[PDB]
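Peer 1: Below are the chains, spelled out letter by letter.
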Amino acid sequence: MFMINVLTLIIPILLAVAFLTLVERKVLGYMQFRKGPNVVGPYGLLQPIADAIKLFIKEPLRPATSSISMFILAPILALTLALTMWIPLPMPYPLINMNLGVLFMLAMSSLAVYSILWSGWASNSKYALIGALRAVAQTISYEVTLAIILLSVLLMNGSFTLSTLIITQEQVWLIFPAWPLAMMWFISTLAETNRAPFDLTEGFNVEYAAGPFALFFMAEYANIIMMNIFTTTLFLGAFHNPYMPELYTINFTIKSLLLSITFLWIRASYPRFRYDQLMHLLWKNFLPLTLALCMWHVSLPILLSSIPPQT
Amino acid sequence: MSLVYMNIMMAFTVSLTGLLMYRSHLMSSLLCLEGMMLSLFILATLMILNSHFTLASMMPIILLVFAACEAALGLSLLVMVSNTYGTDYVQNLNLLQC
Amino acid sequence: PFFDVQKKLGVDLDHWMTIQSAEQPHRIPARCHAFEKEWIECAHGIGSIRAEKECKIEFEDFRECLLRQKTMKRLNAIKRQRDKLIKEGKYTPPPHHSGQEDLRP
Amino acid sequence: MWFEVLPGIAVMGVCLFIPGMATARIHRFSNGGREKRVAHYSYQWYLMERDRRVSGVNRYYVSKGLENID
Amino acid sequence: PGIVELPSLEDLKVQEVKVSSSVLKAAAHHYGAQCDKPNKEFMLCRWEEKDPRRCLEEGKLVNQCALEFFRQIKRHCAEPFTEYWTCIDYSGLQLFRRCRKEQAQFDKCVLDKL
Amino acid sequence: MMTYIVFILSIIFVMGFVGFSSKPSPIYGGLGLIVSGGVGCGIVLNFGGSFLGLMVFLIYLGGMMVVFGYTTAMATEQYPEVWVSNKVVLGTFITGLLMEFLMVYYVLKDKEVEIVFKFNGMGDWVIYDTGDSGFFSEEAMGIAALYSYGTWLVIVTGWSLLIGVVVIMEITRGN
Amino acid sequence: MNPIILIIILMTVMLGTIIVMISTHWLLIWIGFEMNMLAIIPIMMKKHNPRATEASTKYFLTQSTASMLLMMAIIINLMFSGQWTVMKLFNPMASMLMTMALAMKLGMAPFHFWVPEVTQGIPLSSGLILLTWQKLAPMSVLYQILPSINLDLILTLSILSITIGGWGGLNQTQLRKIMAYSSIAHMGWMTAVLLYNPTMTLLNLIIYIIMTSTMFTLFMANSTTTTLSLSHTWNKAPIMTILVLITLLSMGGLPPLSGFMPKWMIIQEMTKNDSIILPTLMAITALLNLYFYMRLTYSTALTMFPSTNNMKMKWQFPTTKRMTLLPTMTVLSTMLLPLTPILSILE
Amino acid sequence: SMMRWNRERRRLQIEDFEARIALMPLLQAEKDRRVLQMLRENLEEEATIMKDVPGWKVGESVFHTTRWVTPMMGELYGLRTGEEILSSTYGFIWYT
Amino acid sequence: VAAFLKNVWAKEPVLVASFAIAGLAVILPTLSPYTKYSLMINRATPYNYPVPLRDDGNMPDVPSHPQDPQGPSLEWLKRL
Amino acid sequence: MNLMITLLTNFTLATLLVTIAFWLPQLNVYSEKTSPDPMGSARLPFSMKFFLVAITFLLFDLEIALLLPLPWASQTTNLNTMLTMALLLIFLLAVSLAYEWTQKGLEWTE
Ligand SMILES: CCCCCCCCCCCCCCCCCC(=O)OC[C@H](COP(=O)([O-])OCC[N+](C)(C)C)OC(=O)CCCCCCCCCCCCCCCCC
Ligand SMILES: CCCCCCCCCCCCCCCCCC(=O)OC[C@H](COP(=O)(O)OCCN)OC(=O)CCCCCCCCCCCCCCCCC
Ligand SMILES: CCCCCCCCCCCCCCCCCC(=O)OC[C@H](COP(=O)(O)OCCN)OC(=O)CCCCCCCCCCCCCCCCC
Ligand SMILES: CCCCCCCCCCCCCCCCCC(=O)OC[C@H](COP(=O)(O)OCCN)OC(=O)CCCCCCCCCCCCCCCCC
Ligand SMILES: CCCCCCCCCCCCCCCCCC(=O)OC[C@H](COP(=O)(O)OCCN)OC(=O)CCCCCCCCCCCCCCCCC
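Chain order of the listed sequences is H, K, l, z, Y, J, N, q, m and A. When you line the first sequence up against the authors' numbering, it's residues 1 to 203, 211 to 318, in that order. When you line the second sequence up against the authors' numbering, it's residues 1 to 98, in that order. When you line the third sequence up against the authors' numbering, it's residues 1 to 105, in that order. When you line the fourth sequence up against the authors' numbering, it's residues 1 to 70, in that order. When you line the fifth sequence up against the authors' numbering, it's residues 1 to 114, in that order. When you line the sixth sequence up against the authors' numbering, it's residues 1 to 175, in that order. When you line the seventh sequence up against the authors' numbering, it's residues 1 to 347, in that order. When you line the eighth sequence up against the authors' numbering, it's residues 48 to 143, in that order. When you line the ninth sequence up against the authors' numbering, it's residues 4 to 83, in that order. When you line the tenth sequence up against the authors' numbering, it's residues 1 to 36, 42 to 115, in that order.
Keep in mind that the hints are not guaranteed to be accurate.
Unchecked claim - Partner residues aside, some chain J positions facing chain A, computed with beta carbon under 8 Å:
1. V82
2. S85
3. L108
4. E112
5. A140
6. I143
7. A144
8. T151
9. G158
These are calculated hints, taken from the structure and not from any lab test. Each residue gets a CB set at the ideal place from its N, CA and C atoms; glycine is no exception.
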């Protein structure tokens, strides 16, 4: 019965990733004064299926891998870490209810850079390795502000428990006391997933075949939908009736769809950063504000007499 | 003595003898040294959790912080060596023979 | 040279993490709080040379609380004799050791 | 026009509705028609194991009330 | 060394409070008010004797006074209490704040009849 | 078998240290140390030290082995390997991992149960959940008392990290 | 290096050693060694040549391995004692590992194989710090754990230190390697008397630090790193010709100079404990140190004099080097034997 | 808003903790009888197992003191089945 | 002090916001009338069992029941 | 146990999708291709600045590891000490960032 719950988590993840490609091509279409796919299915509903079958029968690129083991383990680690970020998510009830679910997600997202590093070393190209090292340095730079923003908001949560973060927001959305942390969190999640204006890899894993590239692509989109669900739960916490949980489920699903469409709408609106410009954007802009607001959210519940409970 | 602690100490001694038997690279030496640190973390953690000794819960975090700062220092030394010579080979580090 | 600056200045820098029987958060005792307290109150102030032979019983009790070597040895003896009496056949387990009796509370 | 993005968003939203409805209904089916007992701390676990002992059927969720004592 | 001295299984028999954790938590504050004195005698005996073998009769008095507490609930206010611990029992974290009207009815019937 | 999961993860931990300690290359050594850190973190997590295991994943594997792999990729110049069609490039990988997990099974032989069944660890091994703690983790409150009780420890640790920043910026400048 | 950064880093070296000295908790001991190593690494790389980077790498590896073995000793002590007081240890395994770790930190033999190389690679001031200030923390820990130290182990490491620090100084012309082998021999002398009377350990440590600092201060004042370059000093600064060499007659241990005081008090306190063979053989190996260092004294204030012409240009410039405490250290390292019963202040 | 609601959550926390405190003497008495029941069952099975072995004393304390020592997991659940040992020693750690 | 502040709020408003927020976080809890209530709420949160005292005969402040008038009060917490 | 079962399920699904995405196009007998980069073949140039940003990450990540028990540290009875040490840790992280600034360390990847 628990395996039914695990599969009804992980297979709709893959279906939502499949149709996020359609939603992205349609929303980028209408914002660019054109249409997205509307010929393949009825208004494009068969486009992800046709794309998946095309990518899984395309000829392999036939690489001379610098390592067999890392060439195979980079998509496996990318997909496994893409799928394990969903199991503590309280929507309204998590699949795995754990006391340190926030810290679990932060640790499993810190592990996600090895797919980039192993994919870049497992190619023979030096330019692919250089692009992978730059992608890894970008991702580890923005994980810093992820961790400090997340700690600062959990100073209002009270614990690392994800399910408590719904209780925290029963009177107000937590974006109202923490909108600068919300906006720096949002741009930092935009820079975690190599997403425009922070996708310099499209300006590292181009040694893989079309199948494994589809696997990295779907791990990336599972990460994108997941971080939008996590940002929804973290700042825009929905109403939870404990007798009708589907109210919370409809509510956070609408909010997470809007936030994923906001990712789609930011990549259709802005030019990319130069590499040092987003390194500047992290280290000299977001990080001083993040440290100052971390001091502020340490000292504020003490001066307002509003320390949240541990339990 | 105790059972799982023998395994963690044996892992420590295997990584010690890996550090005490250089093959080619300085990075492999730093890897064996930080495997020694990992086994020290695991062993200190299992003792402190087993004893229900509360205030030493912060001890392995401090072990991890100080020795990862140590490892950052080792990586910077390795980088200065590799910028001197081109490779991080331990046989390039033998000018202090005379 | 042990320059006892902490006792000279009357500050506490690291005495609080030193023993298990010290003041702990939320008054949590260690597993061997009483055994370490008895060993410390035995061996206090008499010096280590007298403490190794005059407080040997409290220290053996406290080490056997910490590591449980005599207890694990006794449990292995009882369980291995139980395995021998099952395989020979002169013993059968009771219902409260097979999970058949719907426990006390 | 713009509302042709809505079938894909509808499919993606139904696919994100499935896991939460699934875990809520499975938690109610596996725990006596109620929420799953959360045990983050050892007191909640001690009470949950005490429930499993006092239920008589080796299931923590089967509750016993004033009908059980004399 | 010496033989550790354990009480017999007849020294350990007492009638058990065979109710669930939500049933205990629903009557918890009234149990602390009404069954105060043998509970506090037992916990003073428990932190002073430092031994569960020297506290057995005070623990039996605790179990007896708890059983008399729940009999006195059962004779008077059975249905508001059942309505209250059912609603406490639905919750995962067993919240008090989700069940204020059943708490109000239970407290009303308990203050009236007892 | 399922009782002995901490002992099994320790055997995997020792085998992974034998794996990278024989040092085939620093990159495969880093991979073996990542796997060993994960299984030793599993050893920590199967006593109930959940914050300390998540500190392993977030800090050890999450920052330090990342910087080790990142530095190792900027040295030890890569060269290709065998890349023959999918029996050789993936079937040999599957058979190699099958031999490795069969080795993990094969080291648990009758010479091992002579150490196991004579000194039976399970039955009384993880005594962490012996009685009640309360509405907290003891491990979490002991880590949390770094700020109320561990003042000197915070001062010397933060000063050593500031000095670590200064020291790295001195020795890497090369001037 | 920025002098503010130099002052902050030298205070961090001193702070790490003070933290090892004053703390009662083993984790703070380990922290003090970590802080001391981390802070002393840029002092070695102050000039940024390949020799200093190689020396800093070898020093890092040896001190890091010793720190890991120290923490393993601490962890075994927590197994067998359940506590953290810096006092005696409660397992011979922890005692053995901590004695090995502190012997690696001191560069006592057979863990001596880094001290001449690292002392060669780094400048003279950082070599002075490494051979004087870095000895203080592990000798403090050896002072505090001496109810636990195995006698045969510490005596073996002491005699192997004195023999290898003796036979290392034959083939040497580099002054820093000579001071490093002198270090190995003197640390063997200090740990020989540790389990009998550690006040004589502290006496030998203080007199050795005074004589070592006199020698490194004179080597900095003359800008000499080899024997061959030290032998040009008579034509340049003639008062330096006698001070270096009668300080070096002190360092081997030779009366009436103050470097005879530690070895004589060590022989004196080891024959109270009915050990007659051992101070005799250790001081015969100290005479082997005298053999080589007397040959160096001959080479500098005797035979191999010859000069160069550009000394005629160095004659027109006096020294501007701050020879700090050099007359004080030179008077303390030579004329302190009549004040030998001052050693009770270290009790 | 977070000021008002975190003060309310601290009051609700104190209400839950007072519920626990009111329940603790009952649970402590039941836990005492529980562990004494289990040690007496293990003592009787030690007496009916350790007969052929000479020089054995049933219920011999491994300590030199007569102070009550808190029983280990294998003193209580030692002679029991592996499912009870799993639910006793990895139950809370593995619970979801 | 007012020309420099406008100059740095013209050049670098990110760092001006950072130093201002951090300065408020430093010097503001020393000035707040609610900082004492954080201490009073944290020391009134009962994680442990309130172990009772043996009544010797002269303790007029230690109550005999929770509903006795003497003892520490949390009416300030319900009112605020 | 439920965690490890879910991890094993996710790993098995990932390895199954990788195995299908490697083996399904290899059933094609497409062609045996003959003779299967910006730089020609030269060595990988080391960049000092990428290493400096990795070490700056590692040091601020250790400082973050110190910062992580703060939501539990707020619950203490010694609140003045806790607040002082929390502000001191974030201030030392800021002093590390300021020193990293004012020595041209954050340059050309700022
Ligand atoms: C989570 C839900 C959504 C949240 C909102 C986010 C959605 C909207 C996204 C819009 C599109 C963004 C696309 C990517 C853009 C990336 C570029 C960018 O924005 O760079 C950030 C820019 C970078 O600055 P810059 O590069 O423009 O400026 C130049 C900087 N120098 C001079 C150094 C070269 O700004 C920031 O970093 C600011 C972040 C937010 C700070 C919020 C401060 C709040 C106010 C504090 C108090 C102020 C008063 C002082 C104290 C008074 C006390 C009494
Ligand atoms: C959580 C929700 C998840 C939803 C996932 C799916 C999203 C898409 C939803 C449906 C979209 C439209 C489906 C129909 C597509 C068009 C099919 C079609 O018209 O095919 C016609 C073609 C030729 O027919 P012919 O006989 O030549 O006609 C000549 C007429 N004189 O004949 C053929 O091609 C042969 C018949 C093909 C039929 C294909 C039908 C669609 C298959 C979809 C697979 C997934 C279904 C959902 C699974 C999850 C829910 C159960
Ligand atoms: C090349 C190899 C293959 C690579 C791909 C696959 C592996 C990498 C991707 C997956 C990584 C998995 C990490 C799993 C552990 C995460 C931390 C964790 O266990 O957190 C959950 C929870 C802590 O929460 P808490 O509520 O405090 O505990 C329950 C008590 N109420 O704790 C619990 O609930 C404890 C449950 C029991 C302990 C389980 C520990 C994990 C299993 C052992 C390690 C497995 C992974 C080994 C490899 C790692 C990567 C190298
Ligand atoms: C039980 C005992 C407990 C502890 C008691 C006290 C122990 C004291 C141990 C002393 C250790 C000395 C370590 C070395 C000195 C430290 C300061 C330093 O770094 O001095 C060197 C410094 C470097 O300057 P720099 O710019 O590098 O110059 C090179 C040319 N450009 O400047 C120079 O190079 C200038 C040249 C002169 C340097 C002279 C340094 C002498 C220091 C030692 C004095 C004698 C020891 C104190 C008395 C005895 C104590 C036991
Ligand atoms: C006391 C509370 C705690 C304070 C410390 C913690 C603060 C939290 C944030 C941490 C920030 C860490 C990094 C700070 C580095 C400061 C130095 C600096 O950045 O100097 C360079 C900068 C000019 O920028 P530039 O070099 O040109 O950069 C290229 C882009 N233009 O020059 C500048 O931008 C000048 C920066 C300094 C002046 C800022 C003044 C703000 C004053 C606000 C009101 C007072 C607030 C109270 C605090 C006292 C402030 C003095």
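Peer 1: Now, for every hint given, state plainly whether the structure supports it.
Peer 2: Evaluation of the provided hints:
The beta carbon of J/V82 comes no nearer than 14 Å to any beta carbon in chain A, farther than 8 Å, and the hint placing it at the interface is violated. Interface restraint check for J/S85: the shortest CB-CB distance to chain A comes to about 7 Å, inside 8 Å, so the restraint holds. For the restraint placing J/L108 at the interface with chain A, the shortest Cβ-Cβ distance is roughly 19 Å, beyond the 8 Å limit, so the hint is violated. Given hint, J/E112 at the interface with chain A, is violated; its Cβ is 23 Å from that chain's nearest Cβ, farther than 8 Å.
Hint status for J/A140: holds, given a least beta-carbon distance of 6 Å to chain A, under 8 Å. Hint status for J/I143: holds, given a least beta-carbon distance of 5 Å to chain A, under 8 Å. A hinted interface residue such as J/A144 counts as satisfied when its beta carbon comes closer than 8 Å to some beta carbon of chain A; here the least separation is about 4 Å, so the hint holds. For J/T151, the shortest C-beta to C-beta distance to chain A is roughly 6 Å, which falls under 8 Å, so the interface hint holds.
Restraint check, J/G158 versus chain A: the minimum CB separation of about 4 Å is within 8 Å; hint holds.
When held up to the earlier numbered hints, the structure conflicts with 1, 3 and 4 and fits the remainder.
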